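Take the sequences, apply the hints, and build the full model.
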Amino acid sequence: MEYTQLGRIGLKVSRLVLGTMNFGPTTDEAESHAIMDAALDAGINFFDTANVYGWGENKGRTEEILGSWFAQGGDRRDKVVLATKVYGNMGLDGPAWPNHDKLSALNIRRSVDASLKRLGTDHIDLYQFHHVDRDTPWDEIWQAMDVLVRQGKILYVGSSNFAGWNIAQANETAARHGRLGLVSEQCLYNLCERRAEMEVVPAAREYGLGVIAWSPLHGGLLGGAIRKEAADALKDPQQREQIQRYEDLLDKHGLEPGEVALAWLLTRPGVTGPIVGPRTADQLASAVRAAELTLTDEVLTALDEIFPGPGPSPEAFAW
Amino acid sequence: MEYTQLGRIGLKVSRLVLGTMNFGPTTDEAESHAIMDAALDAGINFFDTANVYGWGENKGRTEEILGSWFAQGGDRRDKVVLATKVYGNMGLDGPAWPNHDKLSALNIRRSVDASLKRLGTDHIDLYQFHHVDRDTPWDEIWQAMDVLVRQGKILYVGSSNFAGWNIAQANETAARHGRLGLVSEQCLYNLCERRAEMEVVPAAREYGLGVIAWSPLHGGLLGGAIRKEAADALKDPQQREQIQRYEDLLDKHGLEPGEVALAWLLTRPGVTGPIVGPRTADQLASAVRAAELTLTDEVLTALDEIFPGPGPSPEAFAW
Amino acid sequence: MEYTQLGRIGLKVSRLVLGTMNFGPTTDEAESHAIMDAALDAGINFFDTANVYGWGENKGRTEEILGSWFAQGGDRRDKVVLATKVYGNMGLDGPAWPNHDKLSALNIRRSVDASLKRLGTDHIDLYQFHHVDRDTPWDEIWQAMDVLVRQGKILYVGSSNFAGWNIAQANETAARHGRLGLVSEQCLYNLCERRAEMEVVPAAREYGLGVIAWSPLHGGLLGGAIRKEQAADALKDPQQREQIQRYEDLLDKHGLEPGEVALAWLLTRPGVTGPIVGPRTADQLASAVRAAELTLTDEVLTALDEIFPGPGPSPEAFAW
Amino acid sequence: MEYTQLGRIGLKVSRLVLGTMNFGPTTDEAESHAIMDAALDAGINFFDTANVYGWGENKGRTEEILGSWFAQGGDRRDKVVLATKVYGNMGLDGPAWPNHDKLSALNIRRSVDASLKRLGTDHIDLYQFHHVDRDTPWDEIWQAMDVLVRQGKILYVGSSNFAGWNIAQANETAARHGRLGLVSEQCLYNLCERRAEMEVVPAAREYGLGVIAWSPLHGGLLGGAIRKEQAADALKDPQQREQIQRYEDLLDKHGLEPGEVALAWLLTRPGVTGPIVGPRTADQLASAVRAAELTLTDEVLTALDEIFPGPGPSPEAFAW
Amino acid sequence: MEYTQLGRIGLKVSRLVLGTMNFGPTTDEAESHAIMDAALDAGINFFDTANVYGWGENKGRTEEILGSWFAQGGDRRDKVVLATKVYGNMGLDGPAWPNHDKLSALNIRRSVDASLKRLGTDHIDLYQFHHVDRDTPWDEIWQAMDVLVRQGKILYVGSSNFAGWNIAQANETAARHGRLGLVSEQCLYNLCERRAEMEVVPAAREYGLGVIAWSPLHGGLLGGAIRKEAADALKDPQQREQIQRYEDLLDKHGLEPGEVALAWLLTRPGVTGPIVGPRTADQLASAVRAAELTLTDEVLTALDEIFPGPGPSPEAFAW
Amino acid sequence: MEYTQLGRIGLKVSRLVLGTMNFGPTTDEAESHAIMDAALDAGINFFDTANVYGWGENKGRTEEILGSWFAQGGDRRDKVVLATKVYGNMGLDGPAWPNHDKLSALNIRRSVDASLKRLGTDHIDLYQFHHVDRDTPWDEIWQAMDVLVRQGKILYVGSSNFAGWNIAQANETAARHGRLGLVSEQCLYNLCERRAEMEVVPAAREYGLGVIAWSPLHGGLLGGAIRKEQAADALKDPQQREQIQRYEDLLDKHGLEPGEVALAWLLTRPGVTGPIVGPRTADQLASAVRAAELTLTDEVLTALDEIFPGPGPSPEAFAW
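Residue numbers (the deposited numbering), protein chains in the order written: chain A, 1 to 229, 242 to 331; chain A', 1 to 229, 242 to 331; chain C, 1 to 230, 242 to 331; chain C', 1 to 230, 242 to 331; chain A'', 1 to 229, 242 to 331; chain C'', 1 to 230, 242 to 331. A prime marks a further copy of an entry chain.
Derived by calculation from the structure, the hints in this document are not laboratory data. Mixed in with the good hints there might be a few duds.
From chain C'', some residues computed to sit far from chain C (all C-beta separations above 10 Å) [what the hints assert, rightly or not]:
hint: 1; residue: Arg15
hint: 2; residue: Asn22
hint: 3; residue: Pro25
hint: 4; residue: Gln72
hint: 5; residue: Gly94
hint: 6; residue: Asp122
hint: 7; residue: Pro137
hint: 8; residue: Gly219
hint: 9; residue: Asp244
hint: 10; residue: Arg301
hint: 11; residue: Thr308
hint: 12; residue: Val311
In silico EDC-like pairs for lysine to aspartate or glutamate, Cα to Cα no more than 20 Å straight-line [unchecked claim]:
hint: 13; chain 1: C; residue 1: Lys153; chain 2: C''; residue 2: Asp146
hint: 14; chain 1: A'; residue 1: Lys79; chain 2: A'; residue 2: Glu2
hint: 15; chain 1: C; residue 1: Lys153; chain 2: C''; residue 2: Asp294
hint: 16; chain 1: A'; residue 1: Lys117; chain 2: A''; residue 2: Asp78
Backbone N, C-alpha and C define an ideal beta-carbon position, used for all residues, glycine too.
Following this line, the structure appears as structure tokens:
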């Protein structure tokens, strides 16, 4: 297993991040536990979840399944970097009750307390905003997070679905009073969708955040979706031809589209690694092979032809 | 129900603030509980109280009635923005024992502890000074409030009955060391009394505080006090004629004086909204209609004729 | 002559401030010079001017008259705490060309250069904002003013016609980065108009600004206006004349001059450095000097306060 | 003429910005001067230039033309908010000698001295970075710029062609030590190219920068380019011509000029101070003045938005 | 009873400070309790003690006697401003074990914990250094005190037996990071010993500290020590004549030397008031009369003749 | 010649400080110049003056004598650490005109310009406050002094006749915004007057100021005053003469000069940079040079301390 520092900080993480979103809705408690044990034995120490994972009136379940996993002992809690999230509505879907979503100090206080209980642990390692909230100022947010830090209930703060300027404003606000700022950003980044390269990844790299790519197969579409007979891209013939060129290229070189989508992300400057969400032990073994896979300059070249990136702003749209 | 951000912060509040001052002296526990339930169902999430509410040797009772309301469950505590106050003497009326009123770190420590117990909650959402105390410096006050913030016992700090310069000094002191300053000011503001417009509301707006108007009917006087046969204004014929012109104008347009007093405040720049203190469910329904009521430019114009405002300083008295 | 510190700072000033706005429109150069020499002789060291003084097409004239006064030598410049002002349109009366009034760093730069030229001096001691500009941020303003301090062109910064909250915001912003903030506020304050008490004077006292009262006789109304019917609009209102009448009558009984009393009153108010004495002749100065030696009895102060009630500090003024 | 504050600061500017890049390559000195006088007459006070303007072996010429304009007197320098730029190679076209482009403190020093000489003025009002330099730190850049502020050589600092995150990093660094940060960003923004909306315009609004739109007609494409086939590459692409065709057709129906509409549109966007009007003759100015008096209906704005969809703010633009 | 702000802070204190040093060694528990009750009824709210009070192997006893007083209820703890001290050796007299005296963060942590237990309260209102410790830096000291402040265990910090420069250095260090600095200094100050006037009281006044005078009768010597037939001053005939002139002056005007020693201190600029240590209820009544006593300019004048002060530095020794 | 750092700073100075107050009142220009050349020759690099030196109608004369000394060239200005002072009234003896003494930014500006003119130099190395001014705030004072540092007119700032708490307040205020604080305190300190030990010398040592002792022979009393009866008021008091007698007698026994011993004693005190040697002739300098080569035995130090007991540090001096 390949390890790297999470951005500028002292924390060492596996380049694969184990996503837990299938634990509950798709994978049952017992199967989830076995996959997490297999993850540890493959050397994956970095586990990502969220309070909303489980969905519907079952939001929280994924966190509970990790909770019951830790309760078995054998150093499970101790050896994992536990990441969860705050922002999402945890009541019934539809318009949230005021301050029961987003990033007010009020919502942060209630969300973390429920998360800690469901996870059956006294501390979260990495507590991440699930989305930017432009209506809450950073002196309010950092107040909330620092309370938790001084109580020993979180160690690190991270982001998800931010613009680059939000990363800068966040970390500058934090540094002003000596606080450790965001240590990571979780952004949608894959061959089909590369606009994170304009400003999100440049900012993250400037401010020493780890970059974690979610939806690394663009919702399946990069996992061989044509060979097996997301959906909206297959109807548009422009994008369909793009994936067809993709699959044809990978047949020729004898590589799995699932695996290269992940290995490609592992080559991008600033990327810590992708989130992999296996529903089974065999989907996990396949992610581990993708982490080992070396892609040639020739393949790297042709992927860029099919899947061109926009470049950094302002060059992407000006000069 | 109309919602707005409380000044610059991430907290979302109903434009009506439910005042609780009648709960105890006028309205019994059981009736108070029903009014708070009706408030929630109308979408009011912002509840205001104070340690002194109850009065006499019954100070604290209002807080206790909210305490017993929360103890019923059904997500009552969770969905309310709970505001209370510190400053007032909680012993027998007359000269307070030293440091048993005002804003010393000593009085803040003892007042919050008693408030938390009476409210049967481990945290207050918005803890407000009831009045400025010019004898306590802001490094002392912010020490006290920050202790509470870091213990998780309060989230936000607000003010009541401050001058504009006190808001500036407060928030500047707070920002110097990274602390979130005042988020709201509760001031006496209504058609009859508009001197808050000179400096209090300008300062509040400059520093991103929500503005909350108390005594919105000027102690009844704007609620149709002539038609029904505060008192001191009715004897002075100058002010009497003012209200007479008011009531006559509102007959003509077919509007309730109770309702327009509130809707007028909802039009003023910087005003979050009025505090409404119903003693019954029907007084609450009437406040909700006032929140919906649109006042015409024509009516707005004539109210300003009858009830002229002083404008901002220094223009109000110089140029 | 009574001296005091200007607020919290090390500068000592006469409790009488020499205002110069009549120099040019009313009093010519040579007569203006005589008054300024008489002010020195009486020990008044604090001279207040403005770029706009002169009026109409002659804005700048007052500054020029001080400049020609200094050009005579004789320790004049050296003895005087020279104050002037920025904010006002120095062009044709009417709407200013953009950035040719108000408190942008652009207008500050151009306004101070023209003031230094007319005053024929290399430095202003107290450079004051004539009015608040709510569209200009304090980091902008303190940038402009700190450039001037570092070049030696000004020493101290003051205000005029601010709200209390503007004073706090100014001085907090300055202090965050080591800078000396506002040292003085020049506010409208006299027996008739007392609303500076609500928040302006409280804020100034808290931040240690001197408080300088302009229009100390309320435009002549407190200077024996009724007796000298042998301000215009005030005497037409019945209720306001009533108020002045009682004033004039009370001073008759006690054998006191209305002109001196209005200034002596201000000298009793907490945090008040002193009034602006704006002379047109040698008489205003001597009158003010007599005002400053006057001791008003508690009975007279009491009666004055019944006639001329004040609002008190806010929030109590309008609430509790 | 419509005025606004430049972002959060005290400086008032016309919503039309006079761009000068045609002065020299297209329009000669005397004709350039006529346009600048016509701009004053229309109340435009905000003039934008650059050191590189002039082109090729004549880089510097535009600055010189403004300098000769100011040398005529008549309140010209005093009325104008003068903006110019640094970053660009002022030598032979081709790879610059090291530190003779970009934003090192070394190039800033030399570039500003040459600009002040060509402009025949002792100060620039708004000194702007022409492009982001990712190899120069903000403590270096703010050192260089603060030297200039303290000497009186510039008042305000602006950017051009920055990312949103560069704006935040700049202004946070400034504010940490009291300094006034960027006051304006000059970004490429028009109906055809709307990606400034993703992060640049959001960041500018948050930090209170003015937003100045350059290439407001997308290099002439939005100025009636099809009808005037009696930008080059755009008309060759079928899909893009389709887009312009619908534009021209829609404006036919409503009786509106393409040239005026492209600017009026920008005047509706949140946080946009105004477009760069770059005249070659007196016509561009008058056209822009008409653009600024235009009220576009919600129906026209709606239709424009169907033809010319924007990305919206990031992260929603590419995710949720 | 006369009340005043304690220096610049919001805390209001009686001008008499009740010293407790006799409670234990001289006055028994029960008599001490009655004196503290009489103090409350006279309006004295400000009570001073120390961990070492009790002396010998009985150090701590005085704190315990206050502890048992509070345990009776009737709002005793609530209405008192409780002051104690840290610095002194609490083991056997002689050379202290290292870090068992002075002001290391180690000694502060152990001293406060023992003090809180003996006092049977969860917080001290005013925690005072008993002496300057020039070997401990202010970043260490303020660390220690801020820990306690954020835990809610102390409110305010004060000093005792400091030089003026130590007050300045202390408060400047505190303000640098937003912390409330020293609020009071307890110094030896009385008619016989006025060198506190050189720099200690000037500094205290500049930095808004209350000034509290200990040994206000110079160890008895100003309490009519000649009439009744400290001791070392009576043998020196120079000082003896000084007190003789004192007693003769006070016979003439018909005043008690005990009472004027205290009233004189209440006239000095910057002085909050004296510490009074009654051993009986009647010594307390006498202190209360001294607080009421007005001294004439004539008497003030002659006291200054007999007991000249050195003036401020540098004028006291240069110009 | 013995050298040391001035307190915590990088400046090296002779342990003997050349005081110049006799230059003018006692010693004329030409003789003054000879002493200053002899000081250089002995390796004394630290020269102390004041604006007020000269006395009465001749205040400024000492500064002028140094100026004419420097005008001779020969590396004189370059070799010397030049110190002078501000605070004192430079006008007619009597109550100063307001702001013409003390430490307002106004008096600092005027006082330094006049000092630079009389000294015929463009910079002062160590500019010292002659006395504490309790009515002037440290943000005011550090403003004035930082203007001068940035223009190159002074390098270092020192004090004279401060309390310990004034030193701490000064240096804490400076350090809050990066500024170098006081580097030296000049206090009255000799065998007879030892109260600087209570708090002034402790504070200076804590903040790393040099300590310069003025009046090191207590106005001549420690210079063999009794033997040279062949300070005036001291010899009249029986108890004080007793003290000096024992001093003179003890030095007889040990074969030591009173004049040299009083200075050598100061050279032993912790934190003392050195005494002010103020010469009227070449003799004071040579005497001081001999003082600095003297080693006083522990027996002599012990006896000196019995005769001349000190207070020790406060709080122990008056309490415990």
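Here is what the structure says about each hint:
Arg15 of chain C'', annotated as away from the interface, keeps every beta carbon of chain C farther than 10 Å; the closest lies near 34 Å. No Cβ of chain C comes within 10 Å of the Cβ of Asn22 of chain C''; the nearest lies about 29 Å off, and the non-interface call holds. Residue-level check passed: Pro25 of chain C'' sits 25 Å from the nearest beta carbon of chain C, beyond 10 Å. Distance to chain C confirms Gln72 of chain C'' as a non-interface residue, since its nearest Cβ pair spans about 31 Å, more than 10 Å.
Distance to chain C confirms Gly94 of chain C'' as a non-interface residue, since its nearest Cβ pair spans about 14 Å, more than 10 Å. With a minimum CB-CB distance of about 15 Å to chain C, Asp122 of chain C'' clears the 10 Å threshold, and the non-interface call stands. A Cβ of chain C approaches the Cβ of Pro137 of chain C'' within 10 Å, the least distance being about 6 Å, so the stated non-interface status is violated. Every CB of chain C lies more than 10 Å from the CB of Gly219 of chain C'', the least distance being 31 Å, so the non-interface label holds.
The claim that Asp244 of chain C'' lies off the interface holds: its Cβ sits roughly 34 Å from the closest Cβ of chain C, which is beyond the 10 Å cut-off. For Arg301 of chain C'', the requirement that its beta carbon stay farther than 10 Å from each beta carbon of chain C is met, with the minimum near 44 Å. Consistency note on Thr308 of chain C'': stated as away from chain C, and its beta-carbon is indeed over 10 Å from all of that chain's, at 49 Å minimum. The beta carbon of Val311 of chain C'' sits about 46 Å from the closest Cβ of chain C, which is more than 10 Å, so the claim that it is off the interface holds.
Distance hint between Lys153 of chain C and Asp146 of chain C'' is fulfilled; the C-alpha atoms sit about 14 Å from each other, no more than 20 Å. Between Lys79 of chain A' and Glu2 of chain A' the CA atoms are separated by roughly 16 Å; this keeps the pair inside 20 Å, and the hint holds. Using a Cα cut-off of 20 Å, the hinted pair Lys153 of chain C and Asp294 of chain C'' is violated, with the two alpha carbons roughly 48 Å apart. With a C-alpha separation of about 16 Å, the suggested pairing of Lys117 of chain A' with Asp78 of chain A'' holds against the 20 Å cut-off.
The earlier numbered hints that this structure contradicts are 7 and 15.
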